[PDB]
Structures are given as C-alpha cells and as structure tokens.
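One letter stands for each residue in the lines below.
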Amino acid sequence: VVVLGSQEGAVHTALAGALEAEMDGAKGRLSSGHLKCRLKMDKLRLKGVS
Amino acid sequence: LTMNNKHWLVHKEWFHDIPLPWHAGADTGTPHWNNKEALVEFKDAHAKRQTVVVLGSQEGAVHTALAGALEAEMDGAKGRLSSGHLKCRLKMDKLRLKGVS
Amino acid sequence: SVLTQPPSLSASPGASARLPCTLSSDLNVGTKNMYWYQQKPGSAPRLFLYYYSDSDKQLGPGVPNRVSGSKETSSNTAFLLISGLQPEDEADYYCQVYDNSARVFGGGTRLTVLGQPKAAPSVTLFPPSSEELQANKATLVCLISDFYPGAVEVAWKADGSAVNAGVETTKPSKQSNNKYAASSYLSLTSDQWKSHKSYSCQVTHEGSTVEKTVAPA
Amino acid sequence: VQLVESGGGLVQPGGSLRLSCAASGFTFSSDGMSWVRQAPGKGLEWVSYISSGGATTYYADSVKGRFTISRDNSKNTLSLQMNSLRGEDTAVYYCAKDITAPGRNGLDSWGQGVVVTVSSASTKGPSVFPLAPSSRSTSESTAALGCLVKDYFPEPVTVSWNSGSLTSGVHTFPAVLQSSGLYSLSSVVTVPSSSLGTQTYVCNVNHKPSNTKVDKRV
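Chains as they are written, first to last, in the authors' numbering: chain A, 255 to 304; chain B, 204 to 304; chain L, 1 to 217; chain H, 2 to 219.
So that you can see chain A by itself, here it is in the shape it has in the complex:
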C-alpha cells in the first residue's frame, strides 16, 4: 500500500481560469467590482470663493 503523493499541482492546474483573491488576516479580500452607487453632494460646500 502506498500514498499517491501531493495533489497540489493537480488542483492548482484545475483552478486555472476563475476569479480569485487573497486574505490577510482572517478577512477575505476579493478583487471584483460592479458597485452601483448613487451619491448626493447637497451639503458638499466649497472652501475658496472669497
């Protein structure tokens, strides 16, 4: 009886193509967008008219 060996290279080649992103630490940081925003600058005043 024998072990097959590490399947690191097998899975790494299998995941080739998808969207992926990294974390550090204990917070999963993703890299993807599509944030549909709507903003109001009503109280956004100036600094230098005078």
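Some hints could be false.
Dumping the calculated DSBU-like pairs for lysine-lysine here, alpha-carbon to alpha-carbon at most 30 Å [claimed, not checked]:
| no. | chain 1 | residue 1 | chain 2 | residue 2 |
| --- | --- | --- | --- | --- |
| 1 | H | 125 | L | 174 |
| 2 | L | 118 | H | 43 |
| 3 | H | 209 | L | 174 |
| 4 | H | 125 | L | 137 |
| 5 | B | 290 | L | 137 |
| 6 | L | 137 | H | 214 |
| 7 | H | 214 | L | 171 |
| 8 | H | 65 | L | 32 |
| 9 | H | 217 | L | 194 |
| 10 | L | 212 | H | 43 |
| 11 | L | 118 | L | 157 |
| 12 | B | 209 | B | 290 |
| 13 | L | 137 | H | 209 |
| 14 | A | 281 | B | 251 |
| 15 | H | 76 | B | 209 |
| 16 | A | 281 | B | 246 |
| 17 | H | 217 | L | 197 |
| 18 | H | 65 | H | 43 |
| 19 | L | 174 | H | 214 |
| 20 | L | 137 | L | 171 |
| 21 | L | 137 | L | 197 |
| 22 | H | 65 | B | 290 |
| 23 | H | 76 | B | 246 |
| 24 | L | 40 | L | 57 |
| 25 | L | 179 | L | 157 |
| 26 | H | 76 | B | 239 |
| 27 | L | 179 | H | 43 |
| 28 | B | 215 | H | 76 |
| 29 | H | 43 | L | 32 |
| 30 | H | 43 | L | 157 |
| 31 | L | 212 | H | 217 |
| 32 | H | 217 | L | 171 |
| 33 | H | 65 | B | 215 |
Hints were generated in silico from the structure; no laboratory data involved.
Place chains B, L and H on chain A using the hints.
Coordinates of chains B, L and H only, in the frame set by chain A:
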C-alpha cells in the same frame, strides 16, 4: 524514468517535451537548470515589486501522465522490468531420463 | 450491438437518396441518437447529421438543407436522406450510435453519385505458371478492370465447394478512364492445386455474377 | 478548430507506441475526446474515450488492458499510449472531439489522422512469375498475358514491358497486403493473337528498395 522509488519505462519523444526544469547530465556540483520558469511564476507587479511563488509538487501530474506505461523496479543497482513475451525454441536431444534402470 | 449498412449504393443527382442503417435487436431505433459521418476520398470524416426525430436534429457545419433523417421502428432501421442529389454528395457514409461507453459504427455505405452508364466488369483468371509450381507453390490471380461503382464481391470456388482460405482481394481503385479496378488472389500449394479438378473466380456486381474457371489440365 | 495527431509510425508486434494530439481553436479543457480507428479499406472503429476533466475513461474490449488514454488540459494535448501491439492495431488513428451536451453527443470535429503500422518482417525482395493465356478466345484475336510479382516488402515496385517498347494495352494493378505481411502485385497486357509466334513477350520488374531487377519470360 526514476521518479522517487517509483520507476517506469518511457518513450523518448514524450520525455523530451516534458515542461519542467531540466539539466542534461549527472551532477558535479551546482547543476544548471533550464526553463526554470516551468515551476516558478511571477504575478501582479505593482510599480516597485512583483510577487513570485513556486508551483508546488508535480508528483501527481507526472504520475497521472504516466498512467498505462510499462512499469519497472530497481534494486541491487541493476534490477529492472516486469515484462514477458519470450519466444523460445528448445531441443531436448541431450535430455535423458534418470532411473530408467 | 451491431449496426448494419449496405456496402455500396448508387443513384443519380436530383434523386431522393436513401441510405439505411439497421440496428440489431440489442437496441431500439426510436430511442437512439443517430450520428451520420461523411468521408470523401483523401479526407477525414465529418459530422454530417445528428438525428433523434424530426423535432430533434441538427445538420453538420456546411451541410445543405437537402440532408434529412428518419426512422422506422418495425425494421429497427434509421435512414439518411438526401434531397436533390449532386456529384458533391458522392462519399462514404457511416451511421453511429452510443451505448454505455461504446461508440458503435456501422459498416459504412459507399454512395456513388452516378456519373457513368453502369459498366460491365471485364474479368480474366490465370492459373499457376510452371516455374512457381516447381517451387512447390501455386497462386491463382483473378483480375477485374473497367467496372461501375467500385464495389464487387469475389467468391472462390473449387469442385463445387466454396473455399475461404488463402484469399486476399484488393479494394476497388479508380484508374485512367474514371472506372474501377481490383484483383483477387488465391494462394494454394502444388498438391492443393492438383487436388481439385476445377477452380473458379466468381465476381458479383449489382446482383449479376460473372464467373471464370481454370483447370490444371 | 484543428486537431493535429502525431507519434505514430512503423512498429513490430509487441512493443509500444504513444500517439499525441495537439488541439487548438477551441476551449480544450471543456470537451470530451475520443480516438477512432480506420484500417486501410475498412470502416471506423472506436478506440477509447476520455472525459473533459479526465475522471472517467472508456475502452473498447479489443484494446482493454493494452491501451490507455491520457489528458493534459494545461497543454491542450490528448494522449493514447498503446502497449503490446498486434497486427489488428494496424490502422489510421483519428483524434476527435467527443462532445457531451444535454441529451446530444457526437464526434464534432476530426483530425487528419496519423498512420500506425504493425508488421513483423524486415525487408524482402520479390519473385516474378509469368501468366500465359493457354486459352484463345479470338474476339478480334485479343489474347491477354501478364506477370505476377509475389511477396515483396516495400510497396515501390516499378513494372515495365519489353523495356518500354510495350506501352499500348498495359495495365498494372494495385497490390494486395497478405497476412504474411508482404505485398503481391500483377500486371497484364492485351495483345493481338497474330503475334503469339512472332513477338517475344517480356516483363520488366524493378524493386529498388531491395536492389532486384527481374525480367521474366512472360
């Protein structure tokens, strides 16, 4: 082909086109590897730094690629394959019976 | 699982060509996917038609609308149909089926878009010469030239009983005047050759048989 | 879409070959693939199938235990390693997309194929024998005589008649390939019967690969 205590019989054209780092001969101190890019990849350069990582073990990759090949072993520094098909033609003219008397 | 196709079929352009594919009782044609592949001389096979029903089908890339398919359950047979035939449609056609990991091909129908008045085959049969008999062997050669669509069947005979040993026949081959040629060989020994009073080469083409005989006398 | 096969050639009973198929023009990692055979002059025969991911493999019983199919989706290469080759394995091997869809399948696209030849004999010259009429049908005094060229190994055999003098009515036929592994060929000429006693009939066979030049008194 000797991988690690695992041994196979391998065709030449497939062995020449294995996309892994290689060096021709035996060792005499610091062998020079070629196409080292095969097991190391750079990713996501940001203007002063690019990350680089090793790919990991290719044991399962080649063991899967070798599926169905003629297997073999090695020990005693010369032991080898388990394969047959030996066509023989034998004569027993000088073969006598013992104890007929 | 056996798919049965006629070895060769022949028709003229403008015809509604019908190429059958009988399924063995193993399968039921009405429940099967039908895949037809076209192969012209000098080319690889091409997916010609997928057919499950008149509502479930798909023609191959670049395959004209004239191509269709059908089934008949009583005879367990699938059909390839070609409306308005044309010389381009001349090729070999193979039906195929899937069955639990097995991709089963039929024998293949060699369709001949008729171009010629169906020609009469010209046959000649030669006996073994002398020089080879003294070398203890005896080979009879039967040569077929100038015949209509390249499909003949040769049967070898000896004293009335059909022989099925030492026989090798060439595939049909297009030659100079766009007609076909072939040759069948019967390999025997010198004593085998003398044992029988008479041998015959029996070539059939489109259900009409030509038969030539040769004698050791 | 292009499927280019390679890795075949002339082998001898026993031993092993490894066929490879390079794929391009489509997403290779998403399709099942299969090998299909076509012997010279014969129909198609399925060899083996491999799934898109490679988890499931299938083999025809005529090849089980001897062939094994492999995949390398990162390189877009399909493999078929054949062990213990027999004469039955002599054929053209096609690489084909064996697709899987919702209730639809098929060999969508094919490659041009690679030739694999299993043969036992090494290299052999021919033996030439005449083919006399010995019968005279006398249909416009037309008598047909020839010569058979038996048991040569390499296909190139050039046949002439009367050292190029005889060109009208010459017919050299395609060869057979016998179970012995060798080729046999015949050539025949139709000649007026008025020449049986006057014109000397001679057949000129040349087999260059084995350096044989045999001219027989046909």
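Now the hints, each set against the structure:
For the hint pairing residue 125 of chain H with residue 174 of chain L, the CA-to-CA distance comes to about 28 Å; that is within 30 Å, so the pair holds. Between residue 118 of chain L and residue 43 of chain H, the direct Cα distance comes to roughly 24 Å. Compliance with the 30 Å bound is thereby established for this hinted pair. Among the hinted pairs, residue 209 of chain H with residue 174 of chain L is consistent with the structure: their alpha-carbon atoms are about 25 Å apart, no more than 30 Å. For the given pair, residue 125 of chain H sits about 18 Å from residue 137 of chain L by alpha-carbon distance, which is consistent with the 30 Å threshold.
The suggested pairing of residue 290 of chain B with residue 137 of chain L holds, with an alpha-carbon distance near 28 Å, which does not exceed 30 Å. Only pairs whose Cα atoms come within 30 Å are accepted, and residue 137 of chain L paired with residue 214 of chain H is accepted, the gap being roughly 22 Å. Between the alpha carbons of residue 214 of chain H and residue 171 of chain L the distance comes to roughly 27 Å, so the proposed pair stays at or under 30 Å and holds. Annotation: proposed proximity of residue 65 of chain H to residue 32 of chain L holds, straight-line Cα distance about 26 Å (limit 30 Å).
Under the criterion of a C-alpha separation no larger than 30 Å, the hint pairing residue 217 of chain H with residue 194 of chain L is consistent with the structure, at around 24 Å. With a C-alpha separation of about 27 Å, the suggested pair residue 212 of chain L and residue 43 of chain H falls inside the 30 Å cut-off, and the hint holds. This hinted pair checks out: residue 118 of chain L and residue 157 of chain L have alpha carbons roughly 27 Å apart, not beyond 30 Å. A hinted pair counts as satisfied when its Cα atoms are at most 30 Å apart, and residue 209 of chain B with residue 290 of chain B qualifies at roughly 29 Å.
The straight-line distance between the Cα atoms of residue 137 of chain L and residue 209 of chain H is roughly 25 Å, inside the 30 Å bound, and the hint therefore holds. For the hint pairing residue 281 of chain A with residue 251 of chain B, the CA-to-CA distance comes to about 25 Å; that is within 30 Å, so the pair holds. As the CA atoms of residue 76 of chain H and residue 209 of chain B are separated by approximately 24 Å, the hinted pair is consistent with the 30 Å bound. Taking the CA atoms of residue 281 of chain A and residue 246 of chain B, the gap is about 21 Å. The hint holds against a cut of 30 Å.
Between the alpha carbons of residue 217 of chain H and residue 197 of chain L the distance comes to roughly 28 Å, so the proposed pair stays at or under 30 Å and holds. Restraint check for residue 65 of chain H and residue 43 of chain H: the C-alpha separation of about 21 Å stays at or below 30 Å, so the hint holds. A threshold of 30 Å between alpha carbons decides the hint, and for residue 174 of chain L with residue 214 of chain H the separation of about 28 Å falls inside it, so the pair holds. A C-alpha spacing of about 25 Å is found between residue 137 of chain L and residue 171 of chain L, which places the hinted pair at or below 30 Å, so the restraint holds.
Our distance criterion of 30 Å between C-alpha atoms is met by residue 137 of chain L and residue 197 of chain L, whose separation comes to about 17 Å. Proposed proximity of residue 65 of chain H and residue 290 of chain B is supported: the alpha carbons are some 23 Å apart, at most 30 Å. Between residue 76 of chain H and residue 246 of chain B the alpha-carbon distance is near 20 Å, which keeps this suggested pair within the 30 Å criterion. Taking the CA atoms of residue 40 of chain L and residue 57 of chain L, the gap is about 23 Å. The hint holds against a cut of 30 Å.
Of the supplied pair hints, the one linking residue 179 of chain L and residue 157 of chain L holds, its CA atoms being roughly 27 Å apart against a limit of 30 Å. A hinted pair counts as satisfied when its Cα atoms are at most 30 Å apart, and residue 76 of chain H with residue 239 of chain B qualifies at roughly 17 Å. With a CA separation close to 21 Å, the supplied pair residue 179 of chain L and residue 43 of chain H stays within the 30 Å bound. Simply put, residue 215 of chain B and residue 76 of chain H have alpha-carbon atoms about 18 Å apart, close enough for the 30 Å limit, and the pair holds.
For the hint pairing residue 43 of chain H with residue 32 of chain L, the CA-to-CA distance comes to about 25 Å; that is within 30 Å, so the pair holds. Between the alpha carbons of residue 43 of chain H and residue 157 of chain L the distance comes to roughly 25 Å, so the proposed pair stays at or under 30 Å and holds. A threshold of 30 Å between alpha carbons decides the hint, and for residue 212 of chain L with residue 217 of chain H the separation of about 26 Å falls inside it, so the pair holds. As the CA atoms of residue 217 of chain H and residue 171 of chain L are separated by approximately 27 Å, the hinted pair is consistent with the 30 Å bound.
Only pairs whose Cα atoms come within 30 Å are accepted, and residue 65 of chain H paired with residue 215 of chain B is accepted, the gap being roughly 24 Å.
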